[PDB]
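Participant: Go ahead and model the full structure; you've got the sequences and the hints to work with.
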Amino acid sequence: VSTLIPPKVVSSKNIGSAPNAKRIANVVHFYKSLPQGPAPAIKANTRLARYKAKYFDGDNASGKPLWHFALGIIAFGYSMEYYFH
Amino acid sequence: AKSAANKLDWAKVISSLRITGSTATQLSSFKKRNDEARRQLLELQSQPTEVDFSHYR
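Chains U and 7, in that order, are what the protein sequence lines are. Residue 81 in the authors' numbering sits at position 81 of the first sequence; the count goes up by one each step and never skips. Start counting at 1 in the second sequence, then tack on 2, and there's your number in the authors' numbering.
Calculated from the structure, these hints are not laboratory results. Beta carbons are placed, not taken as given, at the ideal position from N, Cα and C, and that holds for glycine. Keep in mind that the hints are not guaranteed to be accurate.
What follows is a set of in silico ranges between Cβ atoms, one per label pair, in the way DEER data are often shown [stated by the list, open to error]:
(1) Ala39 (chain U) <-> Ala26 (chain 7): 52 to 60 Å
(2) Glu38 (chain 7) <-> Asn14 (chain U): 29 to 37 Å
(3) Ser12 (chain U) <-> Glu38 (chain 7): 28 to 36 Å
(4) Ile21 (chain 7) <-> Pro35 (chain U): 34 to 42 Å
(5) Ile15 (chain U) <-> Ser48 (chain 7): 43 to 51 Å
(6) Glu38 (chain 7) <-> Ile5 (chain U): 41 to 49 Å
(7) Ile42 (chain U) <-> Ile21 (chain 7): 51 to 59 Å
(8) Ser17 (chain 7) <-> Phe30 (chain U): 24 to 32 Å
(9) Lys4 (chain 7) <-> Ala21 (chain U): 32 to 40 Å
(10) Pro40 (chain U) <-> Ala13 (chain 7): 22 to 30 Å
(11) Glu45 (chain 7) <-> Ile15 (chain U): 37 to 45 Å
(12) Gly16 (chain U) <-> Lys33 (chain 7): 28 to 36 Å
BS3-like cross-link-like pairs, simulated, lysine-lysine; straight-line CA separation at most 27 Å [unchecked claim]:
(13) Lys14 (chain 7) <-> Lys33 (chain 7)
(14) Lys4 (chain 7) <-> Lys8 (chain U)
(15) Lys8 (chain U) <-> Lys34 (chain 7)
Facilitator: Rendered as structure tokens:
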């Protein structure tokens, strides 16, 4: 009809409602993120925890970490047979 | 200097990737261009708004 403001209508809606939702998820995701792998908390030792944080730790995760249980139970069971048999 | 007056709109159309879809701004640009075209037509085709009374009478 006459003059208007075709571009200035970005007030009524920002570009990309789906991109806006994605970016809003991105802001919460990236902001509420550790600076560089923060909050590790690996070490622990209290009676059994000295074995948990050492033997159930994934630095090795080899076969001996489970085999310690077998060796210990064998130590218990040999005395069990000695007191039993 | 009517080049500059439409130069801004030409540049906008060059960058209207976010402004593409102007439903009633291109119509306004058409109205502005039609006004200039009719103005140039009145200037060129129509003679002086006067009378050649010096000799014609």
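Participant: Has the given pair, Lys8 (chain U) with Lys34 (chain 7), been kept, meaning a C-alpha gap of at most 27 Å?
Facilitator: Measuring from Cα to Cα gives roughly 20 Å; hence the hint holds.
Participant: Confirm or reject the claim that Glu38 (chain 7) and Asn14 (chain U) have a C-beta distance inside 29 to 37 Å.
Facilitator: With Cβ atoms ~36 Å apart, the hint holds.
Participant: Can you let me know if the beta-carbon spacing of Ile21 (chain 7) and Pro35 (chain U) is within 34 to 42 Å?
Facilitator: At 40 Å between Cβs, range holds.
Participant: Tell me if the beta carbons of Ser17 (chain 7) and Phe30 (chain U) are separated by a distance inside 24 to 32 Å.
Facilitator: Once the Cβ atoms are compared, 30 Å apart, the range 24 to 32 Å for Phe30 (chain U) and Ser17 (chain 7) holds.
Participant: How does the Cβ-Cβ distance of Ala39 (chain U) and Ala26 (chain 7) compare with 52 to 60 Å: does it lie in that range?
Facilitator: Distance hint for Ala39 (chain U), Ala26 (chain 7) holds at roughly 56 Å.
Participant: Within a Cα-Cα threshold of 27 Å, do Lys4 (chain 7) and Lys8 (chain U) meet the stated pairing?
Facilitator: Satisfied, since the Cα-Cα distance of roughly 24 Å is no more than 27 Å.
Participant: Okay, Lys4 (chain 7) versus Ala21 (chain U) on CB: inside 32 to 40 Å?
Facilitator: 45 Å, violated
Participant: Falls inside 22 to 30 Å, the C-beta gap from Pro40 (chain U) to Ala13 (chain 7)?
Facilitator: At 55 Å between Cβs, range violated.
Participant: Take a look at whether the Cβ-Cβ distance between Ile42 (chain U) and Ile21 (chain 7) falls inside 51 to 59 Å.
Facilitator: At 55 Å between Cβs, range holds.
Participant: Within 28 to 36 Å: is that where the Cβ-Cβ distance between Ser12 (chain U) and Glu38 (chain 7) falls?
Facilitator: Holds, since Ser12 (chain U) and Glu38 (chain 7) (Cβ atoms, about 32 Å apart) stay within the stated range.
Participant: Within 37 to 45 Å or not, the Cβ separation of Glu45 (chain 7) and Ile15 (chain U)?
Facilitator: 43 Å, holds
Participant: Note whether the CB distance of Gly16 (chain U) and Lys33 (chain 7) lies within 28 to 36 Å or breaks it.
Facilitator: 32 Å, holds
Of the numbered hints stated above, those contradicted by the structure are hints 6, 9, 10, listed in ascending order.
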